[PDB]
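Chemist: This is what each chain is made of:
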Amino acid sequence: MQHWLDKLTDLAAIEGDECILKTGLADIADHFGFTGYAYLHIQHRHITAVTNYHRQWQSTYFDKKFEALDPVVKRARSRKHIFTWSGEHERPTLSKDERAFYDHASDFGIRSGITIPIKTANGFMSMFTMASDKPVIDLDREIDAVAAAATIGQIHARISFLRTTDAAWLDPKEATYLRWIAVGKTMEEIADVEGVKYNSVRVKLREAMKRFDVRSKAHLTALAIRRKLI
Amino acid sequence: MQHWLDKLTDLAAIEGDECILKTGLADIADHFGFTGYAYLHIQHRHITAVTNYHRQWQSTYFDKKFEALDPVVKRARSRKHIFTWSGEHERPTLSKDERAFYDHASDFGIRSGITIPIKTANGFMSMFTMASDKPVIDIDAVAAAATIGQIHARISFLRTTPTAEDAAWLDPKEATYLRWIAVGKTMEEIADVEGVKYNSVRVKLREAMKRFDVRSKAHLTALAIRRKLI
DNA sequence: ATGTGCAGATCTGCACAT
DNA sequence: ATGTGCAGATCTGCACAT
Ligand SMILES: CCCCCC(=O)CC(=O)N[C@H]1CCOC1=O
Ligand SMILES: CCCCCC(=O)CC(=O)N[C@H]1CCOC1=O
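The listed protein sequences correspond, in order, to chains A and B.
Residue numbers for the first sequence, in the deposited numbering: 1 to 165, 170 to 234.
Residue numbers for the second sequence, in the deposited numbering: 1 to 138, 143 to 234.
Keep in mind the hints are simulated off the structure, nothing from the lab.
Note that CB positions come from ideal geometry on N, CA and C, so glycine has one too.
There could be a bad hint or two in this list.
Unchecked claim - What follows is a set of in silico ranges between Cβ atoms, one per label pair, in the way DEER data are often shown:
1. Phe32(A) with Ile14(B): 28 to 36 Å
2. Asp217(A) with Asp175(B): 41 to 49 Å
3. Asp30(A) with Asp107(B): 49 to 57 Å
Stated by the list, open to error - BS3-like mimics (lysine-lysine), calculated; alpha carbons at most 30 Å apart, straight line:
4. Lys22(B) with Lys232(A)
5. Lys74(B) with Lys119(A)
6. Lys96(A) with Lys65(A)
7. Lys74(A) with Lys64(A)
8. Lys208(B) with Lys232(B)
9. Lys232(B) with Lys177(A)
10. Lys96(B) with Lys232(A)
11. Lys74(A) with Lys7(B)
12. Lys214(B) with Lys232(A)
13. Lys177(B) with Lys134(B)
Just need the whole structure built from these sequences, with the hints factored in.
Modeler: In structure tokens, the structure reads:
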């Protein structure tokens with residue numbers, strides 16, 4: 001199946017609200033075996049966040065303003081280039097409340113990850129993090145820094161529009181699957197790209213189809229497009 | 001006291017009206033001294049543009065089908081990293097009607113330029129480009149990508165309408181059958197209602213499909229409805 | 001420019017166990 | 001509440017005329 005960056009690009013083009021968006025993010029993050037994702041939009045110290053990370057970990061992350069201690073975030077600030085962190089392989093270098101920070105984090109599968117920092121509007125920033133419960137991250141091929149930037153930029157933008165610009173939003177799968185159908189792919193081809201069972205694609209769409217009571221994909225497509233659903 | 005990518009990053013957040021956006025786009029090109037800016041979203045054979053470029057260049061570029069000629073577009077297709085194009089320095093190298101192209105383009109201040117290509121949803125792409133009248137011109145590719153991703157999101161997601169696009173059409177017959185198709189009718193059903201031979205509907209639509217080069221009614225209707233051909 | 005004719009490919013519609 | 005199987009229903013892709 002296509003890489004998570006591509007899945008993220010594909011996602012950043014669907015409607016509509018934060019709930020949907022969050023759902024799809026989680027789905028992608030799971031798919032590639034990640035404890036969760038974490039999108040942070042930070043302006044000085046105020047901090048907007050869309051994340052998967054355990055509700056507990058978030059509570060304490062903010063309650064203790066870990067945003068200042070977090071080495072990942074610190075690094076995200078000093079450079080807008082994709083990077084990977086481990087906490088373990090990093091433990092030897094400086095760390096004391098840091099060393100302890102990672103530990104508390106570990107209790108929630110957040111041991112290592114990939115973080116893509118973006119220079120956002122008005123001099124601010126955004127960073128997207130795919131978090132792994134493994135000690136470190138070894139990749140067969142390094143992820144393209146330029147590609148990462150381009151997709152996170154699209155996600156950042158997409159997320160911001162939630163709070164800037170029917171409400172029967174199709175759920176992320178119906179949406180992502182339907183958008184392929186709209187570009188010609190056949191279900192089995194969709195399944196091949198998404199890394200899911202043909203029956204998955206098969207079911208998701210017939211259900212959407214039933215919802216609207218239409219007898220053909222073309223109809224679902226026409227219908228979905230006309231109602232600004234995809 | 002800024003670079004244009006910076007201003008473009010900001011512009012990406014702007015609200016909200018279509019015109020408001022396009023103006024913002026032009027204002028940034030002007031502020032920096034650019035004959036213009038150009039945003040292209042290459043889908044299939046289908047192209048959509050949002051430009052500052054001269055009203056004439058626009059109209060001709062598509063009529064003359066320079067999509068397939070422009071050495072800048074071609075390069076962007078096989079490259080998704082920021083790059084500059086001279087037009088003068090490029091004359092030595094290959095150039096059949098290419099040499100003609102750059103000259104004719106020079107008739108509108110488009111001599112050199114900076115183009116940034118990005119990968120968008122469903123494996124398509126978009127590219128952003130700033131045109132200068134200078135013979136040639138003299143940036144962080146990662147930063148460049150991060151920005152354009154935001155602009156693409158902002159242009160793309162809010163359904164802004166193009167300032168131009170490769171022309172394509174549907175004739176009355178096609179448009180009538182496709183409109184039924186877009187309502188879940190089967191081809192046999194269509195033939196019965198419009199009172200014609202199954203094979204007429206078949207061949208007609210079949211023909212349109214070949215013209216746009218798509219493998220499925222859905223794709224065809226998805227396309228038609230999106231390029232307002234119906 | 002328009003059809004005919006067919007042979008896979010691919011959906012769709014149903015029934016049923018997971 | 002989903003995932004499986006299936007077969008009749010449609011469509012898509014050539015080949016060969018009109
Ligand atoms: C409340 C959501 C937490 C945001 C944290 C984040 O941005 C992602 C990140 O790299 N931080 C990781 C580093 C170790 O544990 C974390 O939390
Ligand atoms: C409809 C207007 C077409 C815009 C396409 C574009 O991207 C332009 C561009 O960068 N290339 C330049 C190179 C020489 O003249 C151009 O068009």
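Chemist: Given a hinted range of 41 to 49 Å, is it respected by the beta-carbon distance of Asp217(A) and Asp175(B)?
Modeler: 31 Å, violated
Chemist: Is it true that the CA of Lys214(B) sits at most 30 Å from the CA of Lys232(A)?
Modeler: 27 Å, holds
Chemist: Could you grab the alpha-carbon distance between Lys96(A) and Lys65(A) and see if it respects the 30 Å cut-off?
Modeler: Roughly 16 Å between the alpha carbons, so the hint for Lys96(A) and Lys65(A) holds.
Chemist: Taking only the CA atoms, is the gap from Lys208(B) to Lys232(B) under or equal to 30 Å?
Modeler: 19 Å, holds
Chemist: Within a Cα-Cα threshold of 30 Å, do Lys74(A) and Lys7(B) meet the stated pairing?
Modeler: The given pair, whose Cα atoms are some 25 Å apart, holds under the 30 Å limit.
Chemist: Does the structure keep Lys96(B) and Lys232(A) at a Cα separation of 30 Å or less?
Modeler: 44 Å, violated
Chemist: Does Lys232(A) lie within 30 Å of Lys22(B) when you go C-alpha to C-alpha?
Modeler: 22 Å, holds
Chemist: Measure nothing beyond the straight line between the CA atoms of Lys232(B) and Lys177(A); if it is 30 Å or shorter, mark the hint as holding.
Modeler: Status holds; Cα separation ~26 Å.
Chemist: Taking 49 to 57 Å as the stated bounds, is the beta-carbon spacing between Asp30(A) and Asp107(B) within them?
Modeler: Distance hint for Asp30(A), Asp107(B) holds at roughly 55 Å.
Chemist: Please verify whether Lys177(B) and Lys134(B) have alpha carbons no more than 30 Å apart.
Modeler: 49 Å, violated
Chemist: Is the hinted pair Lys74(B) and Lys119(A) satisfied, with a Cα-Cα distance of at most 30 Å?
Modeler: The given pair, whose Cα atoms are some 29 Å apart, holds under the 30 Å limit.
Chemist: Falls inside 28 to 36 Å, the C-beta gap from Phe32(A) to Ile14(B)?
Modeler: The hint (28 to 36 Å, Cβ to Cβ) holds, given that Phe32(A) and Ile14(B) are roughly 34 Å apart.
Checked against the numbered hints above, the structure violates hints 2, 10 and 13; every other hint is satisfied.
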